[PDB]
Each structure stands twice: as C-alpha cells, then as structure tokens.
Amino acid sequence: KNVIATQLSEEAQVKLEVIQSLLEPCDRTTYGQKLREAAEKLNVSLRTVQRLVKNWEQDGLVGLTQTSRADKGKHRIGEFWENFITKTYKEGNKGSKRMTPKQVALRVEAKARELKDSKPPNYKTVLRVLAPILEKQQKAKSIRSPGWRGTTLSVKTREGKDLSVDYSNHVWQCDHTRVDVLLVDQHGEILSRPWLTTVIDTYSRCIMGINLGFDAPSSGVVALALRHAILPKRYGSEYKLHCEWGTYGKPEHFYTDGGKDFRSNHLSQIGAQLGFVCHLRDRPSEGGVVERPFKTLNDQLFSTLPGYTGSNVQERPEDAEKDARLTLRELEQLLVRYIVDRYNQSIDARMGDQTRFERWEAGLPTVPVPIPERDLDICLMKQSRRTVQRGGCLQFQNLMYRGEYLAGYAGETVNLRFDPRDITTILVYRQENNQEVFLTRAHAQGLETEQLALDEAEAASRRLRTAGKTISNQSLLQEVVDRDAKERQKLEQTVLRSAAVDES
Amino acid sequence: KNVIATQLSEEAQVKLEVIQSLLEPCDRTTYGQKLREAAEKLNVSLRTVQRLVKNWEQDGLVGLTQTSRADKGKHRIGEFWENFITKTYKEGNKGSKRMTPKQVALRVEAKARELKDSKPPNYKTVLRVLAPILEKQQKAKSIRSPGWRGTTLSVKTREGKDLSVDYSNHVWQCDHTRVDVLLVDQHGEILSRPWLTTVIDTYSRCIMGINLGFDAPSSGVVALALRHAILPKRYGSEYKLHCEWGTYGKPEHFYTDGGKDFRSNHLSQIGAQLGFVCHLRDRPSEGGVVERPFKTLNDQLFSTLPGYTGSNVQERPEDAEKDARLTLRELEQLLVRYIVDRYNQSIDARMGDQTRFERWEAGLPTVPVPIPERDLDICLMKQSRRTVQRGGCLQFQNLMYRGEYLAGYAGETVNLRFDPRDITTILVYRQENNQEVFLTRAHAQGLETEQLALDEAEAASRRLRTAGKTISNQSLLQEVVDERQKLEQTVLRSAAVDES
Amino acid sequence: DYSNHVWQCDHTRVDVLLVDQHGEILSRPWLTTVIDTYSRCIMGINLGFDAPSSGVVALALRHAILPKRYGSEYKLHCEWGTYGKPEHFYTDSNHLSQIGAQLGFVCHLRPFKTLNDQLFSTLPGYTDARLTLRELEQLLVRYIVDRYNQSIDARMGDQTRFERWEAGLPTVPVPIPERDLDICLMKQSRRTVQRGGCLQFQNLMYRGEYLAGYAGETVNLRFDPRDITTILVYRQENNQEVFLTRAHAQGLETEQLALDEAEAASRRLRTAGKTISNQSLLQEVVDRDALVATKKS
Amino acid sequence: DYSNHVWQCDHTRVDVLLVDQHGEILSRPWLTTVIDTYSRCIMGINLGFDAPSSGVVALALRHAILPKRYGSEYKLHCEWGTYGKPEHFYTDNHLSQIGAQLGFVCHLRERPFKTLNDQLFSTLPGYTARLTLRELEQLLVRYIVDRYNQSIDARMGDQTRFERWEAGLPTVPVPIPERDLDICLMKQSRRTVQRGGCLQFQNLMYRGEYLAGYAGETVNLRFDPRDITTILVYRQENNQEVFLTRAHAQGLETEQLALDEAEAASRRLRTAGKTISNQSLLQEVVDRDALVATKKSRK
DNA sequence: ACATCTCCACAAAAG
DNA sequence: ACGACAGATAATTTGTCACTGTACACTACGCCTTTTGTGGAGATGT
DNA sequence: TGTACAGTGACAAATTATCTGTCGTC
DNA sequence: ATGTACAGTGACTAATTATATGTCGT
DNA sequence: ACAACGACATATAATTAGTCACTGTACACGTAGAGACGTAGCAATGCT
DNA sequence: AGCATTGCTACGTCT
Ligand SMILES: [Mg+2]
Ligand SMILES: [Mg+2]
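Residue numbers (the deposited numbering), protein chains in the order written: chain R, 31 to 515, 524 to 542; chain S, 31 to 512, 525 to 542; chain T, 196 to 287, 294 to 311, 323 to 339, 353 to 522; chain U, 196 to 287, 295 to 311, 321 to 339, 354 to 524.
In short, the hints are calculated from the structure, not lab data.
Any given hint could be a false lead.
Below, simulated BS3-like cross-link-like pairs (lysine-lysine); rule was C-alpha separation at most 30 Å, straight line [claimed, not checked]: (1) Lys325/S to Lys124/R; (2) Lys120/R to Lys146/R; (3) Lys352/S to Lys166/R; (4) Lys171/S to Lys524/U; (5) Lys270/R to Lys120/S; (6) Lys524/U to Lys528/S; (7) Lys280/T to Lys64/R; (8) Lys132/S to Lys169/R; (9) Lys521/T to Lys352/R; (10) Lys521/T to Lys124/S; (11) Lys325/R to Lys141/S; (12) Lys520/T to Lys132/S; (13) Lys325/S to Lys166/R; (14) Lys499/S to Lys499/R; (15) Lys325/S to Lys127/R; (16) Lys521/T to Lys141/S; (17) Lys132/S to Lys325/R; (18) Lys132/R to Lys169/S; (19) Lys117/S to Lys521/T; (20) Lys280/T to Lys84/R; (21) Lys120/S to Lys84/S; (22) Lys325/S to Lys132/R; (23) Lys171/R to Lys169/S; (24) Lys171/R to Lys352/S; (25) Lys149/R to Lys499/U; (26) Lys154/S to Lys325/R; (27) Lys117/R to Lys325/S; (28) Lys270/R to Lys169/S; (29) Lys146/S to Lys499/T; (30) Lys166/S to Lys352/R; (31) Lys352/S to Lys521/U; (32) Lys117/R to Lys520/U.
So the derived label-pair ranges between C-beta atoms look like this [what the hints assert, rightly or not]: (33) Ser298/S to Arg492/R: 40 to 50 Å; (34) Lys132/S to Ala497/T: 19 to 29 Å; (35) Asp89/S to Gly218/T: 57 to 67 Å; (36) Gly498/S to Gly266/R: 49 to 59 Å.
Not close to chain T: a few residues of chain S, all C-beta gaps over 12 Å, as computed [claimed, not checked]: (37) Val83; (38) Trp111; (39) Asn113.
Every residue, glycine too, gets a C-beta built ideally from N, C-alpha and C.
Use the sequences and the hints to build the structure in full.
Here it is, written out as structure tokens:
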C-alpha cells in the first residue's frame, strides 16, 4: 500500500530539485545533457543520477530518501545471547521478583565464565537488548478506554446481563470511599477520616444522595444513603444554597460492588420491599459512573480544604495532622453546597447541552409519588424471625418484649422489624393467608422510657458475663445507666449523632 | 561582562558572512562603496547596513543577532492580575491544602465578577503565570548532594558536635529496616516481613555484623547485633562460604538513629561496660553511611527473592504472599553469603584502591583485644534500686529467688543482672567501696528441672493475677506453660549454638 | 499543443454568504477550479471557507484525477467522467511541487466571471443568506457540468468545451488508483489509538479494521473536507508514513458528513455549553473560602 | 608590514614517547603553534595528545593573544612579550567567529621544527618512554625562547627574533584581559549544579562565589586543559551565554593539575577497581538462584 | 423418665 | 542503459567511563463487615 | 563535603551493510 | 463499539506592541 | 565631500492572551500506627 | 508506728 514521504532532509530536497528539473519531457538527444546539467549540481557522476532516477521510479520520493540498514535494531551478540538475556530477565520478573538488567548482566558474566566463554556481553548491550521489552511492558500502563458515547447506555452486570439504562432512576448506583480529610472533634482533636457513600442516577448523572460519616461500610450506612436519596431534600438557610436539590423517588434497579454490606440480606430485603433488584458489577471499571465523582470531589473539593490528607501514602502532606481542622458537620455543609450549586449543575460530559439536573427533571416518565416517610423507614428496618412463646413473650437479643395482642399468637414464628439505633420498640408482623400483617409494637419491658442501641447491647452482653451476672432487661439497663464513667469511637458517634439532630 | 553568541542560525551565518566580507580592511571611500553589495544581499537599504556595522562593531556576534523583545515574559494582564494569581496560588497551597491552576482561575473569575472586570485572565493565562512557580519549586525538589570525598570524614551529631572518624572501629553505626521479603515458618504460612539491624564501620564503610529477625526494634535486638559484631566469627560448613568475616573487636563510639532501643538504658549500660559512647544522629541524612546500605541490599538481594514486597504499598507486587517460600534459616544464609563473599570484598565507593574489608583491617588504630564471650554475657541487662531480703533469698518480677551468699547481708539496696532469654538464674552485685562487686549467682526457688525466659514469665503474670491465683513463682511458672509470636520465636530458636 | 497538456488552476472568492444548519451565518467561500488550457472544460473543483493556500488546490487536483463518482442528491443528468493523470499544471508554499513530482507531472506555478455574469451571482445573500454549503456542493457540480461545461464554447463555438476536451485527449483519459493519491489529502497528526483500535476526530469517534493491534500507539490521519465518514490512518516512521487502514465514523446519524458539519455540530454543542450560567457554581467558591477562613488549628 | 600585522599558525607531531606521572606509556604528542610572519619568532604554542583541530587551533590562538607568564618553578630568563590580536591571522568554520568577535581577518585553507626536532628531541632518552608531559613543557617552552627566539638572524635586520617584534609596531598593542576571549577555551555542554554550588568536573569537585544560587540548574563550563585547576562556569540564555563564575578545585594536593594528569589520575581509580578477583565472588549469585529454585511452592 | 425446638454465640471472604 | 566486478564508506552495534537521579530515611496484610454451620443450654411438650 | 548504585549520555573501536568507483557490452 | 470526565496540553489565531525599515538630515 | 548617528511615520513581526479539540489517569477500603521504653501516676505486700 | 519496694498503667515519643 501507499508509502508517503515526510520530513525530507535538505539533501533529499536537492535530490527533489534535480528530479523536478528532469521531469521536463526529454529524449536521448535531450536526456544526456539535461542529466549532465543536473549531475554537475549533484556534483557526482552520471550513473548515480541513473540509479537516483531508477529508485525514484521504483519507489517515488521514498526511493530518493535513504532507508536505514537492514541491521538497524538487530544485535550482533547473536541468537544464543539475545535469548539468554531475554530469558533471564523474563524469569526474574514473574512473581514478585524484580530482577533489573544489571542483575541479568551479572548473570551473563557468571554464565560466560561457566560456559568458558571469554567475551561476555557488556551491560550496555544488555540494557539495549531489554530497552524495547521494557517499553512494551511500559506501554500497557497507558492504553486508554474509549468510553460510552451519546445518550444510549448500559451497565455490565456480573450476571453477564447488560442492563439498559433507558431513563432517569432506571439504575441507581452506590459505592463508598474514605474521604481524604482528617476531621476533628468539636474540641479540636484528631478524628480519623470519615467514609462517604454516594447514590447516583445512571441516566441524568445526578448525584441523588449521600451519607458522610465515620461508620464503616455497613448495611445501615447503605440504608442511610438510600433514605436520603429516595426522600425529597430540604435544607435550611445555614445551607446557603442558591440551587435546590430537586431530586427524589425510587430506583428501578440498584447497581453495586460485592461488598458485604451490598451483598447483605438486609439490603436485598430492602430491595424486595421497595421494588428494585440488586445487581453487582463484574469489576470496578464497570463502576466508573460512580467511582468517578469521587475524583471530581477529590480534585475540586477535598484537595482545597484544611487537612487534605493526599490520595496516597507517597503523597500525604507533611503536616496533614497539624493542619487538620474541619468537623463532620462542617464538611457535610460544604459537600452539600458543592453538589447542589455545582456538581449537579454541571453539564453531563456525554451530552454537553444538558446540566445533570436538567437531564434528570426532563427524563422522568412521570413525576414520582411522594413516598410516606414512615413507610420508607418501615421497609428500611431490618428484620428477624422469632416465635411468640409462652405468656406472649418473645426473645430478641437477650431482651424480652411484649405487645397488646402477642399472647394469642404464642406458639408460632412471627416476623418482627427492628432498628439497631433503638431496639426498645419492635414492630411485629404475622404471616397469614401467606401475606404479611402487622400485629403491634412490642416494647422491651421496663425499657419503654429511653432508647437503647444494639451495639452496646451486644458489647455489654459479651463483657457482663465476665462478672457472672444474669443477663436481663434490668441488668443490661443497669449496665447502661452509668456509661458516663473519652475515646475515639465515643468521639465519632457523639459527633456523628450531633450532626443529624437538628432535623425538624 | 562576557557574553557569547549561541544558536548561530543560517540567516545569522548569511548576515555574518557579509559582515566578514566587509571586515577585510580598505580605504573608507571604497569601504562605503564595496558594502553596497549587501543591499540586495540583505534586501534592505545601506542605512540598515550602517546600523548593522554600528551593532557589530559595538556588540560583536551578540548584538549582530536579534534580541528577544522587551515584553518577553511580561504579562499584559498587568501587575494586579499577575499579583492576584501568584498570591492566590501560594496561599491556596499553604500547609496541606493543594490548590491547582484550574482552581485559581475560578478565583480569578470570581473576583472579576465582583470587580465587574469585562475581560479577566483566561485559564490558560492563569496557567501560564504559574509556570515559573511550578518549575522553580520542582527544581528545588531534586538537588543532588555532593557527599564526602577522600579519607577525611566527620559525622554531625544531634548534640551539635561534629565528630571526626579517624580509624576503623572509631565509630560504628546501626539502624533497623523492615526487610522487603515475606518469609514463612516450617512448611510455611506467610508470617510477616522481618527486621534487619546492621553495624556499619563509618571509617571502612565495612559491615561487622547484623541481626535479622521478626523481633521489633528493641534493646535485646541491638545487644544481640553487638554480640555478633564484637565477637570473632565462625560460620558452619553448611554455609560453604569462600571468605571469612574476620571483623571483630570493639567500638570507641556507637553513632545511631535515636531509636528508643538505641536511647535505652540497657544500651547505655553496654556503653559504660564496653567503653563506647553513644551519639545521636541529627537528621536522617547524616545516617547515610547506614541508610544507603539498605538501598544497596534491597536492590542487590531482596528484590531477587521470592517473597519480595516492593519498596512501597504503591509498588507492592501482589504475588508476594502468594509464593513466599524462604524461611529465616535460609534468608540468614542468603544475607550472610551476600555480605561475606561479595559485600566484604566489594570496592569502597570513594576509595577505589581497596575492598571494604581491607579498609577495615588496614585502618584500625591497633589490633583490638578479642574479648571473652562470657564477658558480654556478663554485660546483661541490669535492674537497680531493688533490695536484697534479710535472708538467703531474692525476688524479681514476682519470681522468687535464692542466693548462696546473700544470708551474710541484711536487707539492702542491690543490683542484679539477668539473661532475658534465661531468667532461670541471676548475677547479683554489690556497691563495695562505691564500686560494683559480685555478690553471688542466684536461682529461682527450686527451679532446676527446666529453664525459663523473661518474656513468657512477664506475659504469665498478667493471666496469673487476673484469675485471682495466689501469686508465687510456683503458680507463675504454670501460667508460662499452661500463634504468630510463637511461630516467630520458635523460628528464632534455630541458632548456631546448636550448629557450630 | 493538444488539450489536456497544461492544466490551469484558478481561485476566486464567492460573493454569496451562507447560513449554517442551525442558523449561524457562515462566511463567503473561496472557489478553486481545475480547467483545461486548450479546452475550456472544467475538470476539478473545490469550494469552501478554507483560504486559497496550498490546501484547496491540493484537493482540487485530487478531485480531477480520480473517477468522478457522484450522488443521486445532485440530480445530475451527465456523468462528468473526467478522469486522467495530468502532465502539466499551473497555479498562482512549496508543497504543490512534491505532489507534482510524486505524481510525475511538471508543476510550473507562478474566467470565473462567467459565473459572475450568470444568475449564480443572484442567489439569496448575493453580493437573506438562505442557503448552505452542502446545497452549493450539490447544485454547483450540476450547474457547472450540465450547463456551464456541456454547452458550446464562447469562441471556437463549433464544439462544446467538454467534447473538445474529450476528443482531444491524445489517446483516452486513464484513471489511476485511489490510495496512491493520499498525498493530496488534508493531514492531522499524533492522534492516539484507544482500546480496540479507536480514535477521536472532530468530536466524533472512529474505529479501524486492524487498528486494535496498535492501541496505545499514535497515528496520523488524512481526510477530505467533503466526507469525513471514513478517514485514512497511517503509522508514522522516521522518514516514511505507511498507510495502515481505513477507520469508520461511528454513531453519526447520517450516511454522509462534511467537515463543515462536524464543525457545526461542535459549534452548536460548544455554544450550548457557553449559555449555562455559573452563578451558583461560582458564588459557592468564594463562600467555601470565607468559611475556611475561620479555620485555625 | 608589522610585528602585529600577520601571524601564521603551524603544527608538528612530536617524535618522543611519553609516560604518565606514574610510569606507563601514553603516546607521542601533537604540537602546534603560531609564528609572526613579520618577525619570524615562535610565540603562542600548545602541546598535547589532542590532535590538531579548530578547538586546538583556537586554544593555541589564545596562547598567542594572551600575555605569557611562568610559574615560580620556571621564572625563566627569557619570556614572551607577545600579546594582542593580529591584523590578520593565518592558518594556511569556527575560526571565522573568533575573528569576527575580535576583529581580525581569518585566512585558512622556513618553518623551525628542525631547530628542536633534530637538534634536541632526538637527543632525549625518550626520543623515537621515561619522561612526562609535565616535563616536556619546559623542555620546549624554555628552549623555544631561551635559545631559539633568543637567537639572531642577520637575514632580518641582525637582531634577536623578538627584538624585531617589539620594535616593529605602528602602534604598540595593549594587553588583553583573560576575561575578554574565553571563546578559545574548551566547552562542556551540560553540567548540573549540585547542592551548595558544588560542581563535579573531571572527577574533581568545584565551588565558586555565586554558583549555589543556581543549584538544581544546568550550566556550561569552559576550561583550559593545560591546568584545569580553574574552570569557568557559563549560563545559557535564549541566544546568549553569560560568564557566570570562576570555580576552584577542592581537595587538591598541588594547585597545578593539568587535564592530562586528571585523566591519568582517574585511570588509576579505574584500573584499581577493575583489579578485583571477582570470579570467586560470582559463586554467591548462582547458588542464591539455585537455592530459590530448590524451593518449590507449597501448592 | 424422656425428646424436642428455640435463642444466643464462634471462622472465612470482600471493600 | 544499466548494472555489475572488487573495494570505499556511512552507518550499525559493542564497549568505556564520567556523570546523575534516586532511594535509603520503615510504614500494609490490616480494619471492618457480613454470613453461617456447629454447639449449650433450658422451657416446654410427650 | 550524606551514600552510592543502576541507568545514561557522548564517544571510540569494531563490525558489516551497501553504495560509490572503473568498466562491458546493451 | 462504546468506564469516567476533568485538568493540563498543543497547535494555532487575534490582538499588542516592540522595533526594523526607508527616506530625509545635518 | 560625504559617510557618520538622528527623526521620523510607517510597516514588520514576535510577543502575549485566548480558543478549541485531545488524553492521561485515578477513581478502585487503607497508613495513623505498631511496638518498643522512659517519667510519672499508682496500687499491692511487706514489714518495726 | 512509720513508710519502703515491687509489679502495672498510662501518655507520650520515637523509629
Ligand atoms: Mg466500592
Ligand atoms: Mg531507624
């Protein structure tokens, strides 16, 4: 096929300058002198101009421009040593072994001596032998991915099913990451970085909701982001918003990684209740729609804040802990200004015309119904199975409970819903006609007065048995009423609770 | 001031060759007539040629070439916006904040909207203005240090005092590095990377000894390195070494990282008992005589071994725990062979004349005395401000003890010395004439059928008391004998005292 | 002496302003044309907003020498059919010389008022601009070929200039292979090959036949400013540029797309983005700093 | 014509074999000089193993133009007073630029050699292995002036060779400062300024008055190979190169080192390091790999 | 005198 | 004419050695979550 | 005056690809 | 056929403006 | 004398400032912290 | 009577 000349050197231009003069139509009675008047400006004998015009016809402008020797890029050490060098480097870089060329050359020295070869290759040759191999091993780091284009989109489930994302809320996507800001207690001492959870519309590419907090990735954290995302948004004048986060409604599907919180029974039961299927990505690359807003946050927000910790151990600022001053309530109040007034108002990078919110508000088949928030909560509550037993008692995590109709159902298993933040008021459900029906609120007897969280109810039960104490409602209460007798997890939870309690 | 012309172009050569063609002297009336050839040659009037002559006769090749313009490197946005940009970027990057030129441009646009500026700097203008700052702070990142040259050297100390290094054993150094090799127990689960602690002779750049083991950086580790460094060497025929690690004898100084074991009491006791002075390192760079051999040894050894772990998390190769395959009884042999048959014979990097080994043997001030092994094993750890009982008996860390000659003394302040790896017996000392003098060797009450270590007896005291057991050496011994560290310690149990 | 000996290349600037697909005012295009000497035949043309540098003439050469394929949208009566390698060429940088050399014809570079006289100079926006550049391409090839070329010549009016040229060819006009005439194309350079052999061009995305072997490499492109729907990709070497494959435009909504249309698509896409108010997105920036200004460790 | 009017360059290849300052054979030098074609006296002169080339010619031209001096070990009874540009320099493109800079005509395309070659060099024990290029300095630069130029030819006015020179001026040259024509010196294209203004060159280290401000930047050197104990540091501009600092070699035993000696000194370090009996040292590498290959994986 | 179900507590993989 | 003999000559790789950029500055297999089959009572029914 | 080894620039030595002669009939 | 998409880049282009030119000048 | 540096007003052109379409590249849980050894809080188990 | 010594627990602080 076509070979095009380019970057002609000036002596090749001189070759062109004669060729463009010989291009005047000529005959033997004219070629000889019109050649010779060129040979004098080539300053070389006629026969070279004959070979020049020969090669010009044979190959064109790339015929008159010289081609590198057949030997270029081919070594003279020969086939044995070319292999042995490359063999030795190749075996030295599989597994975690990282044998560099110098160690290869030191092997080559050993090999020649034991081979009785008196002329081992020099280290410069060995480095030149591997230079193309090293470059091929380098290039693999750079190969770019085209990405999806235009409106049409699908997401690659590990089931192998490409779920089309035909409209807004059709697939929401969720993941967590460690924020790159060291936070502080309100007293100013260092609190280790929070986790951020994001829920994202895959069409529209709005961020739909977040949860920011010190709690590790957990189904209660997932459920907390889901609550914020699904519910309408309201923010007070302490959030100085100019935009408004006008997005709500349920997803039709929910697309995740394989984290144990996402693969939890709790979440799959929320999906069955609210009405979406839970799908897992094959690999993080397929997650890019949600992995990327982190970097747009990392660059445009977290990096510009006091106590940015740097995206890597090789990159943490030399005084991140010295500069650390933002609290969880303060970082959230900024992050919400970023999302409402900025990120969701930016163009969708596939579309250019539409801001991420306008690609939402316009892309809904119908305006979602305003969900009753108690119903959302009730189907966010995790649940367990127990049987009503004698006297209408039922056990759940060492506590005992009863409610206004329980004892009639003694002898069979019931479904009951519990919130780990306050287990003291269980909601219990019968199954009848193979349908779920609510019975009553089962109250923890003697504890129908103030809230008890599940985590201490576990931890107390573990350690209280070292006292040999009987475990009961009153003894776990007696193990709770004096917990005022400070440490990181206390700092985090008290700060983390202290953010949300302004809601009204 | 001398200035030389550079990048002489073709057009400058054209302009130069005509200038040289009129450098040939003649009468001024023909001079002003032969230069007329320049007119069409340059396509410009002779008045420019007169200007060119005025330049060249004034400025040589430098003024014959065209200058850069007066506005080169000057930003037409003016001093307000160029100040504003460099102000905003530098304050935005103070401390841990890391603003970037794109973030600066948003500030510029914001301030312009406040100013009602009709035409604020474009982002690429803002990016251009910062290019000098980024480059100047980049060059400040990578400046080479010359390093010492020749035989003369002195080492800066955290005291501020600078201490010359004059002969071999004048100043030893140590620090610990976490080895980049995952290596495994017998049959072999992954365990974890060990620590390497090395003694380096600052004169010879030689290396007289190492301790390799899973033990954290601790005074027992440093002491066991010096126990290796100071003694004569004998390695078994199972190593099949070609060279003998003939470095022994004692330091006049020990210059070191300021680690808590290097700052320990125990080592200071060794300093008094062996006569070296401990000196602290000012900053890490001053340690380079021992910092760098970790780099050298990582590159030439650990990187070739199966369990290699890379130089950082961000470079950590994922197969390390998939096929870690050495045990420390092999990694010892690899490291010891590398030192004794290669590194000892390697050339000293700034002498060239001789190996690392010969700058030790030829450089020491005189042949040192080879001490008795038992004397360093008398340089044990010691405890003080304790008291002897009014009887033939003693106590230590809730152990209870007997002693042959203690009954001649009433209860009084005593000093005692112990092997942490064989706390079965203690050596007891008295302050006679304000000098330490031996009382006796001593033993735990009735303990002879078995031997005990200090670390396991300390751990036993925790489980002893918390169960409400009656406290005694009898019960404490049971809580010793009734796991990661167990695997690690039972690997370190493999020792040359069973093999030499 | 004979017709088809010396080929003239002429330029003009068309005093008709045009409007873009979305209503933007276009400029006035330059017209470049290749005509015989001894016939008045028209054998090559290019028209556009590119200045009459070496570009528009290098394309107008390519226009003539290849077989004159034509589209139904032109509503042509006549096949133009004027293939043939020239042998002398005459015009008002040096690049024309390299083409002339490589194609083996002497370039010895230094009548449009027929269309000024014709009603061509009275279409809307001549001298409401309700016409566009694709409409000129379709109509002007017709109004030249079917009317200004096929008609009787102004003098020596015994022959139409096409037929005077057609019979006068010293033998028969000989077409030559397409792919050897890539030098006449536009050039774009140092494009980078993405996974699976993919390329971006004019905000569009492209993919090649075997180009996936050179993902992560970099390559050059050549094209016609008349249909970028498939563009030629070549691997760069030290003094050779070797043709590798065609690459096909993907995701476009039409079977054909001129370069001007990719400019217009981008310009509409760009001009939409320019109208979005940053007012919220901007004021939050100073307010974030005014908050952080309260920080002290 | 005049003693500053017309100077002609000449060259010769010496018929003596040299040993370094330790005792190994080097080569037979090249030798080059310029002679005033008016006075016919041997003035600026260069000797060394670098073969005649525009750099060597330009270096000998500096040796003519610059006022001559001798060290305290010579204090010689006879000396050159030669200095200044000629009106024409003869050596019959780089030599055009020096002439265009200094303003003298450059021409390029009776000689004295036998007065040294046959009369002296053939008499030395090392004539064409036991004298050194430090010694072959005075064994020329003395005799060339203390005998040859001090000789008289009645062919040219019956005066000593240099008396015709210093008599024969239409206007007596002024001396030129050393700083005015570094263009004759050697060149180093890139050097990196190390911390504290230190710079490595010829395996030595250099420091100078203002060079530390350029630490982490790149500078150019120019130097005189007859003694590298000073080097000149230059900073390149857009299209100019400005004299930055002088610099001085740290840690020398004697403040006279020539480029030839620094090479031969560094060749001691190279030969010493290369003397290692490394073949017994290779056993580590092959047996380390054999051990690791003896460890098969657990699964 | 026996059998039964139920509630609560511990080792392996993924982010 | 072209191309065809033996030998020139511009590459091409092999090998030296002064120079410098960089890591050594100890600092990942560890924190945290979820499921889950095995196991110990201990009220209750048979 | 941190340390100092693996990688790299500029060059010489060696190899050897191929291109330039004087030539012979075409 | 299609991970994501923002910050930094390159390759020009419109506007600025530093200063080279050609003629007269003394 | 007239070939030397001014006095222009006007080009000439090389600077900066701005527009765009490309593309590399990190987003993928991860260092705050393990693990030594004080100075200083403590209890206790002795005893005179 | 008196303390007096002995064996833990921070709270750093450093590598
Ligand atoms: Mg995730
Ligand atoms: Mg250390």
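Inset, instruction - Run the structure past the numbered hints and jot down the numbers of the failing ones, going up. - result: When the structure is compared with the hints, numbers 4, 21 and 28 turn out to be violated.
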